[PDB]
Structure formats: structure tokens, C-alpha cells
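Shown below, as C-alpha cells, is a lone chain in the form deposited in one PDB entry; questions about how it binds or moves come after it.
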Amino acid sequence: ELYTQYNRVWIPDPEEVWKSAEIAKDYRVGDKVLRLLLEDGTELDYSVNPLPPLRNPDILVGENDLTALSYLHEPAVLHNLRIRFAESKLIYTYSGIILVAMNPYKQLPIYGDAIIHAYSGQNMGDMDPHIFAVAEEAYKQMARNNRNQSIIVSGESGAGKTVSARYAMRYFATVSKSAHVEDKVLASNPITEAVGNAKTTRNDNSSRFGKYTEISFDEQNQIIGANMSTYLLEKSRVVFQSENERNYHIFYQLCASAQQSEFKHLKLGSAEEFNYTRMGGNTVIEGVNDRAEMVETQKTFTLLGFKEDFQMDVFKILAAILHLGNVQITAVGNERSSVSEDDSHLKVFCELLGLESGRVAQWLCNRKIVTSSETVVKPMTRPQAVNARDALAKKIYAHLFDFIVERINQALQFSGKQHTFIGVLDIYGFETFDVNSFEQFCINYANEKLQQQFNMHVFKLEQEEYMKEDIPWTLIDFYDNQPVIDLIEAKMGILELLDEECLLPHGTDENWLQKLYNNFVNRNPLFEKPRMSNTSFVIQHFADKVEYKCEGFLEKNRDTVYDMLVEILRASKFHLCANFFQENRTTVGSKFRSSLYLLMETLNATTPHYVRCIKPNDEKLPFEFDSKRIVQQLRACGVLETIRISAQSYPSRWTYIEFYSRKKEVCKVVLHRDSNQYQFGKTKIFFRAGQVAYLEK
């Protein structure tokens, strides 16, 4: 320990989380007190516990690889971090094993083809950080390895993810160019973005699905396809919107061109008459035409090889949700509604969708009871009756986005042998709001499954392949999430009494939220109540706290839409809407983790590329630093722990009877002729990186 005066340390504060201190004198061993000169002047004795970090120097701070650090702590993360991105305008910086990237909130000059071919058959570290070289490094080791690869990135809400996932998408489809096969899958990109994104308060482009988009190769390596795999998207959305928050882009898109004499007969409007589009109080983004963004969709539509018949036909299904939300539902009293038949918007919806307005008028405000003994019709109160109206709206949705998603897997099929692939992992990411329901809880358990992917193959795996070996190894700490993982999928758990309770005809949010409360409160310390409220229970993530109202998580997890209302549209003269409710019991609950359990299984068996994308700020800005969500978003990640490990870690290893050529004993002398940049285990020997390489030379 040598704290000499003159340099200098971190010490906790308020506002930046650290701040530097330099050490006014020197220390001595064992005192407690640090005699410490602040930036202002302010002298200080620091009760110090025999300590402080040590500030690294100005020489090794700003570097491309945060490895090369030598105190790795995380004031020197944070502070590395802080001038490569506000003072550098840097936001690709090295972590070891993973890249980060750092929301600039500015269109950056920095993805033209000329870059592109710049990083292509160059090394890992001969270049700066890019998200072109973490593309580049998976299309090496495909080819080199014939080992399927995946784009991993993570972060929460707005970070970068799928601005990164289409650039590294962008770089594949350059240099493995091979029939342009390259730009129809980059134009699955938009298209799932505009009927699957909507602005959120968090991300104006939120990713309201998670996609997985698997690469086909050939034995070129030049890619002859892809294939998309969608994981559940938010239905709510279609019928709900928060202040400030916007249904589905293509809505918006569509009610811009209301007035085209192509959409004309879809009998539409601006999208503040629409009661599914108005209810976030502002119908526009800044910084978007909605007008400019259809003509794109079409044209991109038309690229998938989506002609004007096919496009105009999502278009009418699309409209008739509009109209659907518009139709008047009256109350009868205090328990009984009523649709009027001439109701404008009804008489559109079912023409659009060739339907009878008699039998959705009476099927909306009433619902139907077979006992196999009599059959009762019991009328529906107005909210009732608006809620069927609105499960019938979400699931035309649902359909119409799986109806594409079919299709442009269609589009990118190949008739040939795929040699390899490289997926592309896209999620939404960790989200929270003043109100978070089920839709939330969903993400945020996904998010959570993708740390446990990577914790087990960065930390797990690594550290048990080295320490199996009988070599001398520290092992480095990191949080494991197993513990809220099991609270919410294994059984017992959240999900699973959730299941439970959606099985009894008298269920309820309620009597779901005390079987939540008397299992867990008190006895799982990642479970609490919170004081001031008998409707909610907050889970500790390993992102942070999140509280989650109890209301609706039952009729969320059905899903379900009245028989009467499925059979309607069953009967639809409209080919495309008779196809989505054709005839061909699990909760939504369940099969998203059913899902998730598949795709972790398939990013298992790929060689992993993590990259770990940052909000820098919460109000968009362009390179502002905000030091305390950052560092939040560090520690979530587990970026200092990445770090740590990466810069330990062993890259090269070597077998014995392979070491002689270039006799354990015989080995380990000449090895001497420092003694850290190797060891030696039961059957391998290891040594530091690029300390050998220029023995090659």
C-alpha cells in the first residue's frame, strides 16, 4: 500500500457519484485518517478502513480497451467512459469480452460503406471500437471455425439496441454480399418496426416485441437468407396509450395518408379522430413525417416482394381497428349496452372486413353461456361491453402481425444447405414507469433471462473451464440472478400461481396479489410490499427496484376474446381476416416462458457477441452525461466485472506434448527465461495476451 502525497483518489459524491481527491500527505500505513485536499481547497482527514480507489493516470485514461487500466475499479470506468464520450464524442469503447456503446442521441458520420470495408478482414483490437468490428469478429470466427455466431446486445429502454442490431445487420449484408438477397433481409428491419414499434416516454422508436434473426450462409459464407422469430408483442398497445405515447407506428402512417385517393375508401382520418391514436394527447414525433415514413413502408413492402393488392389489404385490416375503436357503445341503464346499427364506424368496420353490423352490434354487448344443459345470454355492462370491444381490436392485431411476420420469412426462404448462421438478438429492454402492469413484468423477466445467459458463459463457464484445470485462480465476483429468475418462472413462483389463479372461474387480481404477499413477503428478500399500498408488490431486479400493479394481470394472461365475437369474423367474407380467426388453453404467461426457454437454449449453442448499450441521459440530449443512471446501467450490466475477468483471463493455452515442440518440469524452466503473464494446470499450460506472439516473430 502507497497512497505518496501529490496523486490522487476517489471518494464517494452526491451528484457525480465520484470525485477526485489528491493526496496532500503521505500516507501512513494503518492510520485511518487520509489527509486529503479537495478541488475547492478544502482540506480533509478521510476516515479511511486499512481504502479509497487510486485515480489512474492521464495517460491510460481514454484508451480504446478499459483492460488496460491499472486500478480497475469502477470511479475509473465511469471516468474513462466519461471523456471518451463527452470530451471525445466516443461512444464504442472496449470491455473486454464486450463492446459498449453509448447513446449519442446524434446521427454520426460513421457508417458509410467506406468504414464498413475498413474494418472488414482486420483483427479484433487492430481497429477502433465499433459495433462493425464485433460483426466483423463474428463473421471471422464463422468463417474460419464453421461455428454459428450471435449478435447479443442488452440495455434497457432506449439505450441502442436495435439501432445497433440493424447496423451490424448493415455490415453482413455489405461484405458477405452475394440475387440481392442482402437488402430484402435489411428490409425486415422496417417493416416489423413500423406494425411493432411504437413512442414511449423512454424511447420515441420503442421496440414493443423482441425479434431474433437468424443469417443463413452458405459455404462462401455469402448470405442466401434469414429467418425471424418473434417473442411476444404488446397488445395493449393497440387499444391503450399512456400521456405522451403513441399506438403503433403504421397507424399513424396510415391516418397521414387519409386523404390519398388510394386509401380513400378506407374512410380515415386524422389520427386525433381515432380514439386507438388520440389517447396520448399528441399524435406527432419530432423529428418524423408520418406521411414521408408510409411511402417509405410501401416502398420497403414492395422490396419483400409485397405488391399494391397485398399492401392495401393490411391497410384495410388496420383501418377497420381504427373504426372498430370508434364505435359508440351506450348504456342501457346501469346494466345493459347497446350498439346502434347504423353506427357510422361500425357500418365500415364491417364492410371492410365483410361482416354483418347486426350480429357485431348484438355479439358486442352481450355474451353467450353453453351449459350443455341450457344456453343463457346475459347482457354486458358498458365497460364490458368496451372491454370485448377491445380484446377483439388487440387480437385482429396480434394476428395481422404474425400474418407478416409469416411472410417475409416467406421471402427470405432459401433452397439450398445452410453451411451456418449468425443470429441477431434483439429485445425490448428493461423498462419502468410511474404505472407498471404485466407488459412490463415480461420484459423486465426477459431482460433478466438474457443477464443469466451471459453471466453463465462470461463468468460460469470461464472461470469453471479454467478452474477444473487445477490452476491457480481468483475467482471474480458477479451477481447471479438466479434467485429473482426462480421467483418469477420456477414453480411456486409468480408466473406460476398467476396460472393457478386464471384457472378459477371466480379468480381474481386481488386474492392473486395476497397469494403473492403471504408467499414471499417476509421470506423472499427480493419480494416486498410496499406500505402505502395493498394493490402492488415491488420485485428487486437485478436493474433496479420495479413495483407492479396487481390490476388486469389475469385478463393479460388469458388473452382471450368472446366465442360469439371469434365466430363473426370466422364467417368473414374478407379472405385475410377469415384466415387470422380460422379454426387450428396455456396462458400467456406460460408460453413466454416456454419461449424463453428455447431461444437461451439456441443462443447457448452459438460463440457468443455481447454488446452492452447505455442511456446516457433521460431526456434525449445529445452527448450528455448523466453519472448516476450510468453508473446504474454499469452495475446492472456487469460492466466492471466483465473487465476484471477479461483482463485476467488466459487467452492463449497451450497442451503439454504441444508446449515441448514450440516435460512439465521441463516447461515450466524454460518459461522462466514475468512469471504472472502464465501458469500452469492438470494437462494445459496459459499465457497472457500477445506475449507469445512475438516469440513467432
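The term rigid core refers to the maximal set of C-alpha atoms that superpose within 1.5 Å between the two forms. Positions refer to the first chain, counted from 1. First, how it differs from the form deposited in another entry.
With the core held fixed, residue 635 shows a CA shift below 2 Å between the two forms.
The rigid-core alignment places the CA of residue 18 less than 2 Å apart between the two forms. Once both forms are overlaid on the rigid core, the distance between the two CA positions of residue 68 between the two forms is under 2 angstroms.
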The other form holds:
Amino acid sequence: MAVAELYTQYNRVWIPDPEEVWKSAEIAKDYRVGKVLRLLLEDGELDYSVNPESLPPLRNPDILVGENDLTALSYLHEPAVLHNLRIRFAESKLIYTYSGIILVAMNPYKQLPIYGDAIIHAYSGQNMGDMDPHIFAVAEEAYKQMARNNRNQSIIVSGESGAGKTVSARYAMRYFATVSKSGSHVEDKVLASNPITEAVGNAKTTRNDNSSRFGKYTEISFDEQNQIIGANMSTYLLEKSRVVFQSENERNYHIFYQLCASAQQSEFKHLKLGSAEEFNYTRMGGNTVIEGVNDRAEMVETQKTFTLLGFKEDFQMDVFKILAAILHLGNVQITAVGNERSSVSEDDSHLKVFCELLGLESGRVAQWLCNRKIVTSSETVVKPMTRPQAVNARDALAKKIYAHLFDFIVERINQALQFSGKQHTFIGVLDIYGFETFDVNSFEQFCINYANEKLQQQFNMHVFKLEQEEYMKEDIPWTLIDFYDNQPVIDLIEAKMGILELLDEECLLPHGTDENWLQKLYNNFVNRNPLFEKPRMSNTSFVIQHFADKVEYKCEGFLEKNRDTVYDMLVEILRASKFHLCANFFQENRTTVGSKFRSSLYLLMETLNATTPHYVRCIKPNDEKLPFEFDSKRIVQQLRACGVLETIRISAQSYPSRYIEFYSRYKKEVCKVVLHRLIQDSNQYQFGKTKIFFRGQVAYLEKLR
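What's the form deposited in another entry like, now that we've got the form deposited in one PDB entry?
Only one chain is given; partner chains and other molecules are left out.
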């Protein structure tokens, strides 16, 4: 129709380019309705092959600065979004951009002076959209709605590893803490909870120098005057294998390096530590230092933060003792005796420190690192362990001790953040590990990536399903916006016949194996479920089509990691610990890791669904942690994965403000003909079965009051 009349001389379009995904091209001669199109490139010209139905994407008119909200784009398509963000990022140094209520945040990889108190208060009391896009605006909007509607809110940040979720979450929490002040100083303690959990919960990966290896949901509690009174942290599966293993250029958890960097301080001498390079549990990656990070200085800050939360020096030394003990455990020499047996010397210097610190008997530990007890009714058998088996038992114990320590710190943080008053409302801040893939992906990545699928599902259910259904039930004209439903890959993972259920099945077999489980995966899903693949050149791995990328998983270690057990005799020894904190960990007060995880995510998703969400979509602009560097191919891959274009389409098309409430606030044939004969714009508001939808057309009537 008129479409062809838009493609004329002097006009520009987007065409595929390998490097920048899309490249611009100017139209030479006007277009004729119905097969080709002549364009003048930046360097030369060609007759662009064209589909008369789907002509090349029209380019938008240049503006001095990229529009603050992408819904404002006349021609809404992928090239427009990619280009607007590039211009705002590379040229204007703007990391934040609106897609309606949904915020897009680009990782600058550079400190920006835009988070000060003056700016915080400039955003306070303002309406969403009045100010430039900013994480504070998202936070203010949630605060505004909580107070005005007495409704619980959620800040839900998303994106792949290193995109900037944790940073966004912390700045949102800082905003809340500042505008709630002056409380009659609980705010300082709520904020302190983040860096503590980072010290024991974050570590350097090749994607992120400060990668979160656990999921976090922090409910911030408010009183009736909307002042912070406390908070509660829910954590989700910590990466345990991190304690005893690192791949090249990766580190263990930060606090180990903070501790080792403090080895020669007087207060720490009794822990008998050395450099991080002495210990097997911290040296494995080949590099113990993070560029720009002084681990000794971080130890000092960590100690201040513990103190801020009310954890005195003795409490701090007690956790440091556990951490030191774990390090020494990793350096306990286990030697091979023949081919079937292992041995640990009771005089092993690291074993002695380990036992001194945790108050254990060295003869007992050495014995039961290298042997296992088998109790039947008829008898008790003691079998030797091979050195590999002994190492595995040793490392399992280390992981278990650390897991308890982490839970213990979280629990005590929650005790310190408790309140006696009544919780009027709360704002929940979600910060979980983001999508990640490496040369070698295992059980850890599978769980993280499954969690990210569920979050994308929760986003989609709210933004696309629930929202568009409301319109259809209210019976108004609505053109449907398509989105990619990731329910299938989710079912493949979590449902009755799923990967995780099959893993649980194999784990019940006493002679279960990773290989037998993998074969069952092949048989059930190869050439049967499209989202499941077997590489042509591998009989040890499987591939999953996730919303964001395809990921290849090695089967090795899935059973072990799903079972997550320690030998009874080792647990019994630590249960008899003469160190109070350790004995508490292993005191006596079925389901697998995979099953506990599913249940935890189910409860989290329904927690979120019972709040008003506020979505922040974080994008990692490049893979080299470079300041304001725009990698087009990687960015467009993330935009597609998060359904950013579709989010903008439904954002532009949606009615922001939504009969019985109409009359009383300020039959249905009357109220309509009343408003119709009141405002000359019939398009400025659409009437439904039981509600009238106002396009900011609703704000006009407000000021008339």
C-alpha cells in the first residue's frame, strides 16, 4: 500500500553485514510496488534482492541523542534497537535506556559518577519517565507503588554472566537505603549484607572477576511509614566444587585470598597460613591475583563489614579458623600404597593444623580418609580406598564444611537484620547467577542455566501472557505480540520424564553411572526432542538449546554432584569436634541436589509472582571487560535471547492506565457516552467489557480535579 511510497530516493535502509550485523544503505531510485531495490552503499552500489512483502527495515531519522525510550522509535525493528543502543553507548556514554517500564542496562566496565547522593534525591519524588533512564528510577518507581498501593514489589535483574546484575541490584538497594533514611541505622546493615556474601559467595571466573556463585533474593521490609526496618536473605544453591577445584585463570572464593594475604599478620599467625600459592585449593588456576584488587585491603574491609553487622573479632576469627582449616585439609598428603590402597600419615603437618583448628583426633582422620566402613546387619566391613577415592572423600569433606559455613553466615546475617515491628510491605531484590558457558560445562552450569530459563519464563508469563490475556478477556481489539515460549526446554529439564528426573533415577541405582544416564538421555531425546542434541563427534556429552545459546554438557560427575555425600565416619569425626562452631555444623538435627533445587526455584517463582515486578535487563557489551566497547554480534544475540524487540513492541502497544471504579472515583453505556462526549479523542481511550483503557490520557483528567 503506502509502504512502497516510504522507500524513496534520499532514504536509508538496513541490510545484513557480517561484522556489525546490520549496515546502512541509501536508496538510489524510488521503489516500485512488486522484486529488487537499487541502493548506494557507503562504498558503491548494488541491486539489493528484496521480498515485496518484507522490504528492508526502514531507518529512523537521526536525532542529536538516542531517544531515552525505545518505544518512541517510529520504525520499530531489530536494526533500530541495535543502532539506538550503540549510539547511546559508544557516543553519549549512556548505559541506561528505557523499554517502557523495563530498563536496559549496558555494562560500562568503567566507574561512572552517576550514583551519588545528590542524584539519588533528584530521582526521589519524580515520576518514571520525567528523569533520564537510571537504575534509581526503576527503584523509585517500585518505592512509589509500594507506598501508594501497599503492594509488595520485586526488583528482578537479568542477563548473562558479567552483564552487571549484582552491580544493578546493589545500586537499587543503595537507593532504597538512602531515601528511607534517616530511620530513627538499620539501612547500613542491610547494605552490608551484600559485600559479606560476596566475600564468601563470589569468585573470579573467566567471564567475571567477581562472579556470583550463588543465587540471592533479599526481601527488604518496610513499616507503614515506608521506612526500612529490616531484611531477610534467601540464598540459592552455592557452587561447592569451587572450594576444591578451579580451571585455568579462575579463583576460589575471594575470602580465601583475603585470608592468605593476611597470613603474616599477628592476629592470623595461629592459623599457620602462607600465600595462596601454597595451598592446592587456591593455587589451581595458576593466578592468585585479580587485576585491580588488593586482597589484603579487601580483608580489612571485610572485617569492618562484619563489625558493622555486629560480628565482633571473636566471631570473625572463628570463621577464619574454619576457612584456614579447609585450606590445610587440601594440602594433607595422601600417598598411594600399591594399586588398591591409600595412606595418610598422622604426622602430616597440614593434617595436624587441620585437627588443631577443628579439635579432632589425627589418627581418626587419617584412618577414615583412606578407608570406608560398610555396616550390614550380619557384620561390619572395612574396605581400603584407592588414592583417587581418598582424594575425592577428602575434597567432599572440604566442600561440606564450606557449605555449612556459608549457610551459617547467611543465617546470622538474617538474625542481625530481624525486626520486632510488623512488616507492612516489602521490596524484594533478585540477584542470581546469570547464563554462562565455558569450554567445559558440567552440573554447575546446567543448574545455573536452568535457573535462568525459569526466570525468563517468569518474565514472559508476566510481560506477554498475563498482560495480553487481560486484554482478550476484557474484549478489546488487540493484535497479539509473539514471544518465544521457553516452556519446552524447561519441561525437558524439570518435568516428569525430564533430564533431572532421569538423573535422580540413575542416582538410586547402586551401580548407577554417568554413562548409563547419558545413554538414557540419548535414547529418550535424540531425534525426538528438537531441543536436545548429540554431537556427531562425542559419546560423552549432550547439547541443550537454551533461550540464549546452545550449551554442550559433559556427563562426567553428574551423579556424584547430584548426590553430594560425605562418608559417615568423616561426618561422625567432625560431629565430635571440640571446636564449638564446627560441632554445630555437623550436629544431628534423602532428596538430591537437583530435586532440592527445583523445589527452591518453584517457591521463588511464586514468591515473585505475588509481587509487582520491575525488570532490569543487563547486557554485557563485550567479552574483554573493555570500557564502552560495543560488540555488535554478541549484543544482538543477547537482545534476541531476552526478547527485547518483542518487549518494546508490546510496550509501545500497551495501555498504561486501566467501570465501577470509574463512576465512584470521579449503565456501562452511560459511563462510555459520558467520557466519549467528554474527550474529543476516541482513540485516546479504549473501552472494554468492564474497564476503560486510557492511552497518559488519564493524567489530564487528574489535574482537572
